[PDB]
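Take a look at this single chain, the form deposited in one PDB entry, given in C-alpha cells.
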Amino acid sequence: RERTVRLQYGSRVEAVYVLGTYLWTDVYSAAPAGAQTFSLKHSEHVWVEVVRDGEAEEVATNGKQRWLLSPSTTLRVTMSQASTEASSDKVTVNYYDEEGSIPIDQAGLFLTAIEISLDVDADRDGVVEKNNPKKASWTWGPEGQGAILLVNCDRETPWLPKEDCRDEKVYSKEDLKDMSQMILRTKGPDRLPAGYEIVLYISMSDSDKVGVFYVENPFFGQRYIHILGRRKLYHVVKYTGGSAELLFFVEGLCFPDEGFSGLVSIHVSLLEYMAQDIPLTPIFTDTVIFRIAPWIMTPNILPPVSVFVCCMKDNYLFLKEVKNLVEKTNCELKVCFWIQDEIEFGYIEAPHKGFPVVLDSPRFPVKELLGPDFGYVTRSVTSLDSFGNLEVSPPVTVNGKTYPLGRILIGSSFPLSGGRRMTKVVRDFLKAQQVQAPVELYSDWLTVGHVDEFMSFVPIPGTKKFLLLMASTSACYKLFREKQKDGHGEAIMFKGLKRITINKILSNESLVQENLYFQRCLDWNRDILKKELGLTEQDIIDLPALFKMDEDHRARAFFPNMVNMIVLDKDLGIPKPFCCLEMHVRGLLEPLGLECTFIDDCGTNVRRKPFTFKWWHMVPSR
C-alpha cells in the first residue's frame, strides 16, 4: 500500500508510519535551487531504496553515495516493526551543489511506526484471528470467509418489555454471549506523537443496524459502554501504548430486508490534526465487514424438541391425545390457554452462538416465549397473511442447485387473476433472508387461502428421504365409489363431527364438478412443487380430501383436512375425519413406518433442532 510522504524544503517532517503500508518520498522538491546531487543516511529499522524510474536500489544506513537530483529519482521507505520510542527511526537527505562536498542544506523525515488492525472472526471458527486479509469482504460457501453477526432479539433481563437490541444498553454479562467480538490490536510507543488520534466509526445508514460495546472496569463491578450505534457515528479510542488489544462486543439490530442486504461495516482510522477549523485527515483506514445472520425456518423432517400447544380448558379430548402422542416421542410439551397462524418458530445461528427466534404478527405478546436464548421479533392484511400460508420443504437438490435448508413455500394467486396475495413486505422479508429461496404456490382457490390446507411433508423413518402429502379430491371420490360398490353405500359419514352418506355425496352432481375444478387447482401446485423441489411421482402421496365451493368460487373443507398434521419424526398427529377414511390413511402411511394417531379437535407449533448445515456454507443466487 503506497503512501506519499514528500520532504519539506530544508525542514524535518515528522510522521506516523502504519505497518502494512510503504512510503514513496519525493526528494527533488525539497532540494535548494542549484543543487546538483543528494545523499542519504537512515536508521537500522527503516529500509530505504533509491528509485531512479523503475529501478529501485537499496541503500546502506551511513552511505556516502550521491545521486543526481531529478524528479524521476525518488525514495521508497519501508518499516517492518513498530517503534518503542516516538521518533528513533529516521531518513536524512543532504543536498550539494556543482562544486562542493559539504552539504549546502538538508531535509529530514522522522518516523514513528505503529501497527493498527481491527480484527474479527472472518474464518468462522469462534476465535478472533490476527488480521484476516479477507475481513473486508463477505463470501458464501465452505471455502469463503467473513464475520457473522446475530440480531440480539432475545431478553436476557425480563424486566423491560422490549428485546436486548431495542435499547442502546447492555445489562448482563449473558448479553455479551449473543455478540460478536471485534478487537482493535495495536503496537507502538507509550503515546502517539502530537497531532494523532484513532477513531472508530460507522455510517449514518449502519447506525440503526449495529450496536458496539466496551467492557469498562472489567476487574471489579463491570459496566458496559455503548460507543457506536443509534446516534453515535464515531468514537475516539484511548490509545494504550506498547502491545495493546481493545475488546469490543458488536450486536445486530436489524434482520436483512427490502433495502438491507445484511452487510454492515465498522472502520478504524488514524486521524492527523492539520489545524483548528480544518477536519482531521484519515492517514490510515482499516475496515471489517459483518453479515447479519438470517432468520431460518424449520421443516417437519427436522427432529422435534418441544411442542407448543394452544387450546381452551374444555379442549380436554384434544389435550389428552396431543399429550399421549408427545409421550410416544422423546420430546417435551407446553400448554397455552392463532397458535399456528400468528407465530412461527425459526432460528438464527453464528459460528459462536445460536438460538430460536419467534416471528409474531398479531392480527400483549406471549410470556412463555420471550426470555434468555429465545428471541421474539414482532411486526392491508388479507387471510393470506398467516403462518398457515407458509411452509418449508426439507433439503432438496433441483438440477444441480442444492437448497440445504429447503425452500419456503407461500400461497398466492395467478398473476392476471386480480386475486389475494401475501403483503409485499412479508414476501420481501422472506426473500431478503436468501438461504431458503421462497416459491409462490397457488392457494387463492381456498376460502382461507393457506398452503397447509392442501399440503405438508413427512420423513421416511430410518432414511434421509421424505414424502409430499397432497390433498386429493379424486382420491376421495375413487374411495367413495369403491365403498358404495362394496356395500358401504348408505353408511353415515362424519358420525360425531345433515345425515350424509357415500350415496348422497356421489349423487350430488354439482359437488362433483366443484371437486373436479379443485383437483385442477391441486394439480397446478403439484406441478410447481415437483418443478421447484425436484420431486417425482414416487415422492408424493394423495390423501382423500373433499371441499365445498363458496359464493367467491373457493374451496372449504367438507371434512377435517387430514393433510394438516403434527409431524413428530415417525409419529403423525392426523386430524380425525369421523372409519374407512382413517383406514385408507393408515394403509397409505403406516407401511412406510409412519405411526398414525388421529386427533379430535385451536392448534400446535413445534420447536425443532436446527439443521446440521451452517447457512454460511451455502451459495445462493443474486
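Residue numbers count along the first chain shown, from 1. Here, rigid core means the biggest group of C-alpha atoms that superpose within 1.5 Å across both forms. Compared with the form deposited in another entry:
Only one entry in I278, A194, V127, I102 has its C-alpha moved by 2 angstroms or more between these two forms when the rigid core is superposed, and that entry is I278.
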Second form
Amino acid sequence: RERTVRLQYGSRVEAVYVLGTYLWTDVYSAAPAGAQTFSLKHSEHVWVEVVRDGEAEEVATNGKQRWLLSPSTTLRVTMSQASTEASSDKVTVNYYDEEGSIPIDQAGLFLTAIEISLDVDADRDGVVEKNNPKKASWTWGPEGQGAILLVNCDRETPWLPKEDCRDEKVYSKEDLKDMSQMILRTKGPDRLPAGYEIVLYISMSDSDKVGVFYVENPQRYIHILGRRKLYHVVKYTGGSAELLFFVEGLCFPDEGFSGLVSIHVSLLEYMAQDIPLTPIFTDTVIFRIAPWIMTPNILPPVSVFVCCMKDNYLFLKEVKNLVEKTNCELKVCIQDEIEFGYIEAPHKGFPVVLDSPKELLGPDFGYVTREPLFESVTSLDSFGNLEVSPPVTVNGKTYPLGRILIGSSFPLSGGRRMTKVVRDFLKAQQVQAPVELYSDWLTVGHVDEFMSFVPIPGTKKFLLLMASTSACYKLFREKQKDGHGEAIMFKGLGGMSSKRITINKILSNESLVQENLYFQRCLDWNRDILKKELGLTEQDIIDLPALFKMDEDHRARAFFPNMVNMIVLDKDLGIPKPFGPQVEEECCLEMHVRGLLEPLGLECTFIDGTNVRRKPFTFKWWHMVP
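Now show the form deposited in another entry, given that the preceding structure was the form deposited in one PDB entry.
A lone chain is what you will see next.
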C-alpha cells in the first residue's frame, strides 16, 4: 500500500498512518509562489526519503538542508511504531525564495500511527496468527493457505425447529465451537483523531452466506454482519487491543457460489456527523466454506442405522449380530432418503446428512437438503442412486476422498435423471468430482443395484464388485451339466417365489436369455466408465452372478436377491440371501460368492434397508488440489 497524502498550501495537515503502508507526499504544489527550494524537519519515529526520477535519499530529523522545488521531487513517508500520542510524530517543510534564509511559508504533516489488522487462521492450525500475508487469498494443497469456515447446519438448542444458521441469533456458547475466529487487532493511542472510524463490512451478495457475532461480557451474542447487516461500526479501544468475532457459514458451495467469502475492515474518514468521505486503509480476509463430503465403504464403520418399520427379528438379528462382531452401534427405527457425510475445518468438524427429496438434526449432527423447484423427483433421486468410490488415482490425478457416482440416463433418451439441483450441489462440492453412470436401464434405477466396493483387508486396496448375468449363465450351465438341472430355484420367500423354477427352466428360456444379454451390455457400459474414471483394471473387479427380468418399460428388475447390494462393515460383508439351486449343505450361489470373496480376507454373512455412518478420511480435504 503506497497511499497519497499531499501537503496543503500554508496549512498543517493531520493524517492517520497505518503501519504497513507508505505515504507519498507532494511538497511542490503546497509551495508558495516564488520559492525555489525547501528543507524539512521530522520526528524520531517518522522515516522520510526525498525522491527525484526514482532516486531515494533518507533525511535527518535535525538536518538543515535545502533542495530544489520540482513536481518530480517528492517525499516518501514511513513509520515503524504506533503512536502513544495523537500527533507527536510529524514532518514539517520550509519553503524559501532566491534571497533570504528565513522560510517564506511552511507546510506541515501531523501523523498519528496506528496498527490495524483483521486476522484469521489462514495457515490452518486452529490458531489465529498475526496478519498472515496470504489471509486475503485461498489456495489448495499442503502448501496452500486460506482460512476455512463451516456451515453451521447443526443444532445446539433443540427447542429451535431449524438449524443454527437459519436465524441471526446465537443461543448457546456451544455454537461458537462450530465458528471461525476472526480477530481485529489494533495498536495506537487512547483515541483516534477526530473524523475517523473503523467499519467492518460485507457485500450484499455475501450477506446471505456469512454471519458474524461479537461476544459481549466475554454474556450476550451480538449479530453484527450477515442477513440485512452489511456493515458495523466498531468502537476503537486505545493501546494494544484485540476484538474477537465468531463467523458462521450459512450456505454450502453450490451452483453459482464458489464457496469463497470476504470480510473487510476500513478506516473511514468523515467530514461531520455523517458525510463519509473515503477509506484511508482497508484490510480483507477470505474464508472458504468447507464442502460436504461423502464416506465410501473402505472407511471404518462407526454405526449402522437400520429401520425395519415392522416386526423383523431375523433381519434385525443377522444385522445386529454382524454389527456386534464389529466395534460399531446399531441404530434402529433408510438407504434411499439419507446420505451420511461430514464437514471438517482445522479446528472442528462433524457429520452432516444430506436429505433426499429435520430428524437427526442434533448437536454435532448437521443437515442439508436440496429442494427441486420446477423439475419433479423420480426414483433416480433416491440415495441408493448415490454412491462414492474409495480413493483412486486416474492418470496422474489423485482423488484422495474418492469420487461420487450417480446413476443417470442418456442425455438424448428422454430417460430419468436425478434432479439438477442435487446434481449441482454435489459437483459444487468439488472434492469428489462426481461421475454419471447409466442406471436408467434398471426398473428402480440405482447404482447400488449393480456395483459395490469392498476393501481387501490386508490393504489398503479395494475391489469393484459388479453384477454379471453372463457369470450367472456360466454357473447354471455348470450346475445343469453337474446334474442339477431339475434342482429347483428360489424356494424360500413368502410372496412370489417358485412354481418349479429350475435351472433347466431358466436355461431354456430363450426370451429371458436375450433380455439378459441386453442387461449385460448395460453393465459393461458402466464397467468401462468405472475403469476409466477410477483408473481400474480387470484385476480390480469381481463379477457376482445376477439375473434380471425385463419389465414393461424395457427395464431390469432382479430375478433373485441382488448379492452385490451388500453391507460393507470392514471385513464383514452383509450379503443378501439368494435362495438358489443346491448340491448338498449350502447354496451353489452362496458357496460361489463365498468362493470369490472369502479367499481375500472377506467374511460373508448372508442376510434374508440399512445405512452406515463411517469415520472420515484421515486425509484433510484442503490438502487436495482439484
